[PDB]
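K.L.:
Please model the entire structure based on the sequences and the hints provided.
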Amino acid sequence: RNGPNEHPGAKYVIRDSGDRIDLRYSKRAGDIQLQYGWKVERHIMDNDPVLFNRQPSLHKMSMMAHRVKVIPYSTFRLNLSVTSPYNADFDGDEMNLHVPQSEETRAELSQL
Amino acid sequence: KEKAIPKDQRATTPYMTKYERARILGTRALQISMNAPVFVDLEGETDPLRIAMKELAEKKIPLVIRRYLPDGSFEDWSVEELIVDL
Amino acid sequence: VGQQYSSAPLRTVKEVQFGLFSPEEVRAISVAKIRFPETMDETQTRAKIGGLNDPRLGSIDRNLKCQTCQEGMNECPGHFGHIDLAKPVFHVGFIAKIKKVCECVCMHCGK
Amino acid sequence: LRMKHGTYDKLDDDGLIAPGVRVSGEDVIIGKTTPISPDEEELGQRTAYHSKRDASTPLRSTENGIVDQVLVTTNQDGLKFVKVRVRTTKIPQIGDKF
Amino acid sequence: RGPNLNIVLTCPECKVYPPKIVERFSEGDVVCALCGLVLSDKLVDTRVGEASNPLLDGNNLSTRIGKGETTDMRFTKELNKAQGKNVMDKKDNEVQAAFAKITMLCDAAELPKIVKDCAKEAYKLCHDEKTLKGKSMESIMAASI
Amino acid sequence: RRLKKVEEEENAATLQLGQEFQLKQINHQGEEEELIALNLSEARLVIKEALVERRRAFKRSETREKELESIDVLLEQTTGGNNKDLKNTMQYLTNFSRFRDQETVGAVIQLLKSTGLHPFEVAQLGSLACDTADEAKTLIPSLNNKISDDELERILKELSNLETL
Amino acid sequence: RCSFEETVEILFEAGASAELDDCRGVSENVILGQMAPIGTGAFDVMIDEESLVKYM
Amino acid sequence: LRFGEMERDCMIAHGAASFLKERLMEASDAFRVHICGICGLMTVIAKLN
Amino acid sequence: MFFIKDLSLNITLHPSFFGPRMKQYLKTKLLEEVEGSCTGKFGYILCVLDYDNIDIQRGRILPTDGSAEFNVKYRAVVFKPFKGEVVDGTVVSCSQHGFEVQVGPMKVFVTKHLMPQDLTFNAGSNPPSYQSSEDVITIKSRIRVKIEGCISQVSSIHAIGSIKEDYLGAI
Ligand SMILES: [Mg+2]
Ligand SMILES: [Zn+2]
Ligand SMILES: [Zn+2]
Ligand SMILES: [Zn+2]
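First to last, the sequence lines map onto chains A, B, C, D, E, F, G, H and I. The entry's author numbering numbers the first residue of the first sequence as 393 and each following residue consecutively. The entry's author numbering numbers the first residue of the second sequence as 70 and each following residue consecutively. The entry's author numbering numbers the first residue of the third sequence as 2 and each following residue consecutively. The entry's author numbering numbers the first residue of the fourth sequence as 883 and each following residue consecutively. All letters in the fifth sequence, in the order written, are residues 14 to 59, 78 to 176 by the entry's author numbering. All letters in the sixth sequence, in the order written, are residues 13 to 73, 117 to 220 by the entry's author numbering. The entry's author numbering numbers the first residue of the seventh sequence as 1399 and each following residue consecutively. The entry's author numbering numbers the first residue of the eighth sequence as 1128 and each following residue consecutively. The entry's author numbering numbers the first residue of the ninth sequence as 1 and each following residue consecutively.
Simulated from the structure, these hints should not be mistaken for laboratory data. Be careful, since some hints might not be right.
Said to hold, decoys possible - Only pairs whose alpha carbons sit at most 30 Å apart, straight line, appear in this in silico BS3-like list of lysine-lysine: (1) F:71 x I:23; (2) E:164 x C:34; (3) I:112 x F:192; (4) F:60 x I:41; (5) C:15 x B:87; (6) A:419 x A:431; (7) I:41 x F:36; (8) E:144 x E:108; (9) A:431 x A:461; (10) A:419 x A:403; (11) C:88 x E:155; (12) D:886 x D:972; (13) I:112 x F:60; (14) E:122 x E:161; (15) F:201 x I:5; (16) I:107 x I:164; (17) F:142 x I:107; (18) E:144 x E:164; (19) A:419 x E:28; (20) D:979 x A:452; (21) C:101 x F:16; (22) D:934 x E:28; (23) B:128 x G:1452; (24) D:886 x A:403; (25) I:23 x B:129; (26) I:73 x F:71; (27) E:155 x E:122; (28) C:88 x C:100; (29) E:144 x E:121; (30) F:71 x F:139; (31) I:5 x F:142; (32) F:71 x I:29.
P.N.:
Laid out in structure tokens, this is it:
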């Protein structure tokens, strides 16, 4: 109901048959009635495990899994104590973020 | 089946590994998310991963880990009989 | 949307065996014989039959189907053609190997 | 045919936005059309009515601002070409480098 | 006179023909503008390739032979010699030779690129016709210019 | 690993039944066994013997027309959906079966097994009604030069001797 | 081996010698896009009917 | 964004085999092809309709 | 021809059926996915024998699918056609190209070129039928047909028969 333009929201609805319904252009017919086994592609929320990386990524501690915390402004934010393993400073460095797409990878990422 | 070691002479570690625990929780969490029957009493919980953790703690996961050996032989270990010490 | 459902069993690749094509295999595997060094007909409207971009080898456009498997661009893996060389030619990556084999056997009886 | 999903409302009869008009992402700032050959149907939707295909230049997705100057002239070969300049203001924020 | 081999995207649910289709280039999706159903995914954009104009040269793919980081003059000379002794390319070489002279003539008078493109196109269209067989090549080039 | 990609053409006349239908078969246990071929009447008995057993499992936990209806009602009750193919088989077997009860088939099996013929051939012999040795020699080319007309003539007579109804 | 250096040369030698690859390494599985037999992939997770029945 | 070889190496060290497959298959190019049981070549003409 | 064969199948169970009575669901799936199905390697699988004693091996959980893959070994009755075999059937449909004979779970098509010269197509009669001096072939008629060729696909089998040889055709 929130739609794809209001966080927290959703962008796509995938039925059990594999059909994908775009939330945009779909409100004219009203909200879709969900059924068990369907997939709702929703915006990453707080506490969602994500993989945070910085190249060249010379060792395994340069790529670690974090918990999402949606915030204002256009910059990533991370604790100071975890900068040494990443070998990163805040003089302009950029870091990459990856979002797991399955429960298995979601649990694997957060437990290892 | 000469590649299946009988339970009487299993020589692998009786402790579930971190990798085994990670996959067991993920595999069970995925099944729960796809409307699988929960075999543990729920005191209020919606996250499939958390439900899986509760099942592992009470040893109510009906899965067995087939540990492979570098020659093709394997040993079957039930999740219930594997000690979770890590 | 994804690819359409298939009735063939789903399996995982277990072994990879490398080798060399036999001339018979290339002719049998191929779906069309290339004989024209052109790609489009005189009207530049549709691909010429027998040319490099023969419709039988597959399609790389979202609006055209493959003439062999009748599938779109997202499902057709591509179909191999063949060219019948007038005379045998060496393989650039095996010239060194060919030379060693030539010096290993007699050049008149193959022993 | 193949017109962009953006808005062409800001363009004038000459296919150029008059300077001073505010623009945003996906806004078309230079309108251009080219003729197409018949006997070419893509995803259907290609009828006898359609005789042109869009060749416009859209504004950058992440950029926005106000069109400052639009200049029209001819090149060495006599072909008409235009230059469009867009003004925008950058205010320091939590990500800027100093 | 041949196989159709045409793909038309229509929404199975809406069934309206013709359908309203919006191509979301940013999201790489083709979606029905009425119900929101996605009709096709993983659309491609529209170096390793060369662009040639099939109006002045038609369909003619050829590759030259030249020296590299390491090369012997013997192979280059003979390989170029072999390429010249081709019967299929001889017919088109005359047209190509005509274009080369036209470009030199047009470039010696300081004319825009559009003129030479038009002049070359005019030559190709009027070439290989029975009417233009008793006229000097100089007249043909001048008339095309 | 050898991709010889050479296969002999299947043919009933040459008794080349294929690669998965070889005479020497391996059961699920792993012991070698001979291929078992069933005639039209034998298949009818075996199939409906399992259907009645199937009916008993779920419950626990005659002329052609009346028999056809009894099988039809039994078929739907004891089988799930998409049974259109099974219905056609049972209807086809009832209208082309030559042996009704188990006793007749048991005698037939004990009869034809003395010839030592291939399982495919014996099943064909118990499946198609032949009146003369020539009739079986042409409709079943594999029989040629495998059994003398003297034995075949009496076998056909005895097969028709115990003909049903 | 072709993933490190001399990619084409190694592949040519494989064709001539008809080398067989068992796909027991990480590189083979990464190229083929299948779960490598490492970490969480060094074993198969199976279903236990003996314990499933006694749970309920 | 590029998930380079060095990034792949770190994930192999972490033991997240399943996640590595997901990045390389579901988050990137994924294609289904038909192979022949005799010849291991992707030359099977499949009329799925 | 009907055979009893030892067959194996790979069944997939959704996690929704991972309950105390999951084995029964596997049995139901076997009867719902095998019985009445067609296979090019084993022919038409008609009936499953020994329904109480199917050998079900331990299931393997798929990496990303989340469903369990079970290998199932069972005994079933299969009808497998072969070229050169002689079968009996009932005509179901008639057309100018030929008539179709129903033989158990299979439909055999008899082409005109595989038909005796005397037989001719007559569309004037309702229903259309092939008429000849000695006999007439129509729908519901019993025809003895010899299978001349068989083409087997992974999930479909089609065969063509002939009645030109002696002792074939109308019974
Ligand atoms: Mg820095
Ligand atoms: Zn194709
Ligand atoms: Zn629609
Ligand atoms: Zn093959």
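K.L.:
CA of residue 934 (chain D) to CA of residue 28 (chain E), is that 30 Å or under?
P.N.:
The given pair, whose Cα atoms are some 27 Å apart, holds under the 30 Å limit.
K.L.:
Under the criterion that the straight-line Cα-Cα distance not exceed 30 Å, is the pair residue 15 (chain C), residue 87 (chain B) satisfied?
P.N.:
holds, 27 Å
K.L.:
Quickly compare the C-alpha distance for residue 101 (chain C) and residue 16 (chain F) to 30 Å and report which way the hint goes.
P.N.:
holds, 29 Å
K.L.:
Starting from residue 431 (chain A), check that the Cα of residue 461 (chain A) is at most 30 Å away, please.
P.N.:
holds, 23 Å
K.L.:
Could you grab the alpha-carbon distance between residue 112 (chain I) and residue 192 (chain F) and see if it respects the 30 Å cut-off?
P.N.:
holds, 26 Å
K.L.:
Is residue 112 (chain I) close enough to residue 60 (chain F), meaning Cα to Cα at most 30 Å?
P.N.:
violated, 38 Å
K.L.:
Against the 30 Å threshold, does the CA-CA distance of residue 886 (chain D) and residue 972 (chain D) hold or violate the hint?
P.N.:
holds, 28 Å
K.L.:
Quick one, are residue 419 (chain A) and residue 28 (chain E) close enough, alpha carbons at most 30 Å?
P.N.:
Holds, because 19 Å separates the two Cα atoms, which is no more than 30 Å.
K.L.:
Measure nothing beyond the straight line between the CA atoms of residue 419 (chain A) and residue 431 (chain A); if it is 30 Å or shorter, mark the hint as holding.
P.N.:
holds, 18 Å
K.L.:
Has the given pair, residue 144 (chain E) with residue 121 (chain E), been kept, meaning a C-alpha gap of at most 30 Å?
P.N.:
holds, 27 Å
K.L.:
CA of residue 71 (chain F) to CA of residue 23 (chain I), is that 30 Å or under?
P.N.:
Holds, at about 18 Å.
K.L.:
Tell me if the straight-line CA distance from residue 88 (chain C) to residue 155 (chain E) falls inside 30 Å.
P.N.:
violated, 36 Å
This entry does not satisfy hints 2, 8, 11, 13, going by the numbered hints stated previously.
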